[PDB]
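First, one chain by itself in structure tokens, the form deposited in one PDB entry.
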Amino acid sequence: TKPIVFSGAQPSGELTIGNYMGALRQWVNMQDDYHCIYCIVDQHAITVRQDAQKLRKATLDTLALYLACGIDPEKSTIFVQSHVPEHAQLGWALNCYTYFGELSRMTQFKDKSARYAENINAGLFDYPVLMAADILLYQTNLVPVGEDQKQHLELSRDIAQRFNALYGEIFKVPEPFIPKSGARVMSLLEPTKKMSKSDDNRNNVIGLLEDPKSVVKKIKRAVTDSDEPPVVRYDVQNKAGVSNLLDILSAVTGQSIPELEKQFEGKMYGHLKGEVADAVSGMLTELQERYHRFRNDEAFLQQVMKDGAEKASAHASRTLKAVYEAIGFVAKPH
């Protein structure tokens, strides 16, 4: 059997080119090489209060965006997290193998606390435990995520090792899979800030479903450096704006950074932003065409969801049963 890939995305907010470049691109590319399981984490999404109607619609939006990106339900398991109760069950049990300090030192918890100071709920605190549960349920070897999930991923390796040290090889120790380029896509007008699916000025964000014409406008106004003379060179430290555009172009065309640096020799930033805008506008145009064919067929969306949850429950229930014996529960009679 192949090694197992698992990853998740929240059906909340509008997914960005950062989501694509940090995770989704790798998800598509791994579907043949490994046994991939991809999840829409609706139980994580509600740690930030959401309108109920939007959340149900956003769940179908995310699923159709997966399919438009090229996730194939005949190659990959795709499901909605809450359709598989074993995520909640293992999430509870792993709470007991997680220290309070580990959760209270989490960068994402601190950032979300500041941003959502009226709703600092315990799900927001417990978030990494459920995410560890989503991963360890499937005997996962690889987790493709962006760089902002690395602390969370390292906790789930710790929890896996802690549990294994007590009860034997019940879990696999997962390994992160974070791309060397486009792991932290930066904001267009503030290239020191990661591009956030929660930004309150949309001029920083390229949405995957946003109007391509509005997207080209944002990329043309991307903030570049004041190097004299201007030079299209890759350097994340002192040329943040330029390098972020190079990453974004690379993710659209498939050309390497050094091939792109050669192609832009003797070229200035206005030509660079225009090439990025044309490349990105083209991919979003094709992406949104596939998106709508999938999104408007809800009975197809329902079929993918059902088949995926059934495929996922088979695997999760094997692990959860082994956890429950490890720890001492009486097994439920059948």
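Positions refer to the first chain, counted from 1. Whichever C-alpha set is largest while still superposing within 1.5 Å between the two forms counts as the rigid core. First, how it differs from the form deposited in another entry.
Rigid-core fit between these two forms: of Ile120, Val236, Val173, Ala88, the one residue whose Cα shifts 2 angstroms or more is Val236.
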Given for the second form:
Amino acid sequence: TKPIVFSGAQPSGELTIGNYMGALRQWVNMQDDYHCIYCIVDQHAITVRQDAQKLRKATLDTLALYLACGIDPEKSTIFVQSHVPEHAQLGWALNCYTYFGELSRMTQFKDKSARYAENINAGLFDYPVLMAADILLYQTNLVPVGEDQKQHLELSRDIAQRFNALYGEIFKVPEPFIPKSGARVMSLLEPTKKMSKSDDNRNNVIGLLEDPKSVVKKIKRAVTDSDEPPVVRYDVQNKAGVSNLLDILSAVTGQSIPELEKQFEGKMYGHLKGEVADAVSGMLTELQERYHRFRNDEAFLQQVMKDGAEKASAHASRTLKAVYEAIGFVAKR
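Switch from the form deposited in one PDB entry to the form deposited in another entry and print that structure.
A single chain, with no partners or molecules, comes next.
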């Protein structure tokens, strides 16, 4: 049996080139090498208040975007989190093996709490426990995420180790898979801030489903620096915007930063932004063409969700039965 890959994305906001380079790109590339399981985490999405029609549409948008990126339902398991009850069941059990202080110290809870002061809910606080359940159910070996999820992944490793120390080899201890390029794509007008899929200023983001003409304009207005002469060189501290543009270009083309710096010797930010705009515009045009063919095929989306929940439930039920036996529950008949 192949080692197992698991990862998820929220059907909230609009997925960006950041979500693609930090996660989805690795998801597509891992499908033959490993046994891959990819989840649309609708139960995590509702830790921020959603409109019911927007959430349902966004769940199906996210599924079609996975397929458009090249996630192949003949190679990978693709499913909607709420379709597998074992996620919530194991999540409750793992609350009892997680410390309050491990949750209160989380960067995501602190940032989200500041943004949504009127909805500091228990789900937002308990977010990392459900995510540990998502990973540990599938005997997961590798979790491809961006840098912002590292703290969450480290807690899932601590929970797995703590539970195993008491009860035996119930869980695998998962490892993060974080890319060398594109692990933390930054905002186009505030390159010290991560690119957000829920930004109130749309000019900060490159949306995967945004009009490529709109995206090219945003790239040309991306902030650079006051260097005289202008020089294309990677330096996050002193050249955050130029560095972020180089990181996006490297991630799209596969070229190294040193190769890009050599290609741009004697050139300035017009050549850099021209190449980033051309590469991103081409990628999004091809991606969106595949997207509409999947998004408007409800029979195919329905079949992928049915087959994926059936495959996930088989794995998850096996792990949950072992967890329930270990902690001392009377087994269900």
